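The data below hold one chain only, encoded as C-alpha cells and taken in the form solved without the named molecule.
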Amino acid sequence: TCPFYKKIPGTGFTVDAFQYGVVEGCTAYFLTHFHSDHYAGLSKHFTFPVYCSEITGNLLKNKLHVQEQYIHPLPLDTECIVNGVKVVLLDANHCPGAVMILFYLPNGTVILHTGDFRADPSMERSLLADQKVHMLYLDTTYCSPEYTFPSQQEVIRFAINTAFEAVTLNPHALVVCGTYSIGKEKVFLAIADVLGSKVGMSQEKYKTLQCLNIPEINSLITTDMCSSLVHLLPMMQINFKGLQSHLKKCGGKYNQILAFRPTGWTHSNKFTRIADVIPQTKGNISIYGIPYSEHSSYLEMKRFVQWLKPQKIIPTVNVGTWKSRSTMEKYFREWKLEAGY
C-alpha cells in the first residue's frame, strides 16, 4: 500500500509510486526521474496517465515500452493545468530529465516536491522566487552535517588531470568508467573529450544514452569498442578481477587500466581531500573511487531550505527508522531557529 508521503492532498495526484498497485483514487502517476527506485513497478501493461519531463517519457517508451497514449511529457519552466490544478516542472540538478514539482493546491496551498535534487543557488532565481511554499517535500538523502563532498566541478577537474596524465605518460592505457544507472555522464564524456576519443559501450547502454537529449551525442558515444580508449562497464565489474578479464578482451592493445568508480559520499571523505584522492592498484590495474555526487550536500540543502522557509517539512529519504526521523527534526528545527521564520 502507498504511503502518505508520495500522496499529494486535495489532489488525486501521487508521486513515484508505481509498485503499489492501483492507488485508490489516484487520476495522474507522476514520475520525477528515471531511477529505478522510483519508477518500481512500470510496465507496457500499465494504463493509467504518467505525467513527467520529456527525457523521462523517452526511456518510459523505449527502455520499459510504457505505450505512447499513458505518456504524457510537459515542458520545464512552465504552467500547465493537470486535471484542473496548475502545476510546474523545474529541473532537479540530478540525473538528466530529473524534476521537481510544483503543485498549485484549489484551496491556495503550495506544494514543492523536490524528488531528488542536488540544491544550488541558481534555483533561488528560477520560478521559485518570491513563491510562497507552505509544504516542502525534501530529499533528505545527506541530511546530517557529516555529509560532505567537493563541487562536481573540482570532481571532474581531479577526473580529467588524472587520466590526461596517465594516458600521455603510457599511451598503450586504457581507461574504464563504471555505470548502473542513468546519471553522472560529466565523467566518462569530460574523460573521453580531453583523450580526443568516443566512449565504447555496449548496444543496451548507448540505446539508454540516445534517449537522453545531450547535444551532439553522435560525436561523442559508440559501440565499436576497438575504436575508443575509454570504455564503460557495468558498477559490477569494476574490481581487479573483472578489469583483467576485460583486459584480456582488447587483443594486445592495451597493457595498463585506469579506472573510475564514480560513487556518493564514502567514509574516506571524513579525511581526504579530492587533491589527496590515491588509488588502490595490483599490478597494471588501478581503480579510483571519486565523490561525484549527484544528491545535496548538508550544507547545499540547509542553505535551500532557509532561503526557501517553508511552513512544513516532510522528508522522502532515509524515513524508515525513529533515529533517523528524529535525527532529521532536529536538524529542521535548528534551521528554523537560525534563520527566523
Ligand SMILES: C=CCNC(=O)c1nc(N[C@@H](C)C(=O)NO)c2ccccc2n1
The other form holds:
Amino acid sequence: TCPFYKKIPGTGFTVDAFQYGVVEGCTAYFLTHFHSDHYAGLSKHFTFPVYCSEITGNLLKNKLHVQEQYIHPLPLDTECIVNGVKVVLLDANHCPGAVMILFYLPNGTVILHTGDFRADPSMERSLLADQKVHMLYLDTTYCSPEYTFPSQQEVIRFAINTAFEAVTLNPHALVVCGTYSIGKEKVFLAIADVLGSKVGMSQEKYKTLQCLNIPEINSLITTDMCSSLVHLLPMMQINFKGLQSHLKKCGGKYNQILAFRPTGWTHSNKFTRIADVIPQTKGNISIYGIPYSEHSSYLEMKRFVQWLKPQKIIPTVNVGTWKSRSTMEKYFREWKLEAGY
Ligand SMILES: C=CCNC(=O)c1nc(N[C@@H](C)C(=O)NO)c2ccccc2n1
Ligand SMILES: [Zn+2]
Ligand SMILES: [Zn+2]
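Let me have the form solved in complex with the named molecule next, following on from the form solved without the named molecule.
First the chain shown before, then all remaining chains and molecules of the complex.
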C-alpha cells in the first residue's frame, strides 16, 4: 500500500504516490518531478488532480498522455491555495521541473517535502527563510559521510576540457553522452556548446527535451545525427560493444569515440579527484564515468538541515533496513546537537 512518508498528515494530499491505485481520501496528488520512480502509475487513464510544476506538466501531457483536465501546473515561489491549503513550490535543484513543496497546514504546522533535491546555499534565501518548519520529508539518498563528489560546475569543466581537447587534437572524433531520464542535460549541452555542434538524438529523446522550457533549445538539439558530433545514446549502450556498433552506423565519418557516463556517486570518487579521472579505453573508444550528481552530497544535506532546523525529519530514501534507518537517525541527532536546535 501507500507508505506513510508519502502522505501529508492533516491533508488529503499525497506526494509521488501514483502506483498504489486510488489512495483512500486523497483529493490531490502532488508530483515532485518527472522521474519514473516518482510518477510510476500515472497514465492517460488517471482521473484525479495532479499538482506539479509547468515543466512536469508538459511531460505528463506529452509523454504519459495524461488528460489536460487533470494537470494543475503551479508557478514556483508563489503562494497558492490547493483544496483549502496554502502551498508553495520551490526549485529543488534536481532535474528540470523538479520541485520541493511547502505545505502550510490549517493547524499551523509547516511541512517541507524536498522531493529529490541537491541542497544548495541559495535555498537559504528562498521563501524558506521566512518561517519555521515543523516536519521535513528529506531526500536522504546520500545521507552518509562517504558520499562526497564535486560540484556540478567542476564536473562540467572537466567534461568540456576533455571533449574540447580530444576533438581539437582529432577533428574526426565523436562525442557520445549516455542518458536514461531527464536531468544532467548540462553535460551534453555544455560539450556541444564548446564544440560548436548541435546534440543529435533519437526522436523520443528530442520529444522529451522539447518539453523542458530550455531557452533556445531548437538551436541546440536535433534528430539529424550525421550533422552533429555530439550524440546522445541510451545509457545501457555506453559500453565498448554498444559504442563500437554506433561507430559503424556513422558511415566512415568518425574514427574515435569519447563517451561520457554521468553516474551518481561512486566509491572511486573518494580516491580520485575530478581532475585525476581517467577513462576506460579499448582501441579508439574511451569511456569516462563522471560523478555528476543531482542529489545532495552528505555535506550539502547536513548544511541545509542544520540551517533549516526542522523539529522532525522523515527520510524518504534508504528507509528499507533497520541499519539504514538507524544510521540516518544518528546523523540527524549529531546535526541537531552540533547546531543547537
Ligand atoms: C543511487 C541513487 C540515485 N537514485 C536512485 O536510486 C534511483 N534513481 C532513479 N532515477 C533517477 C534519475 C532519479 O533521480 N529519480 O528520481 C531511478 C529510476 C527508476 C528506478 C529506480 C531509480 N532509482
Ligand atoms: Zn529524481
Ligand atoms: Zn528519485
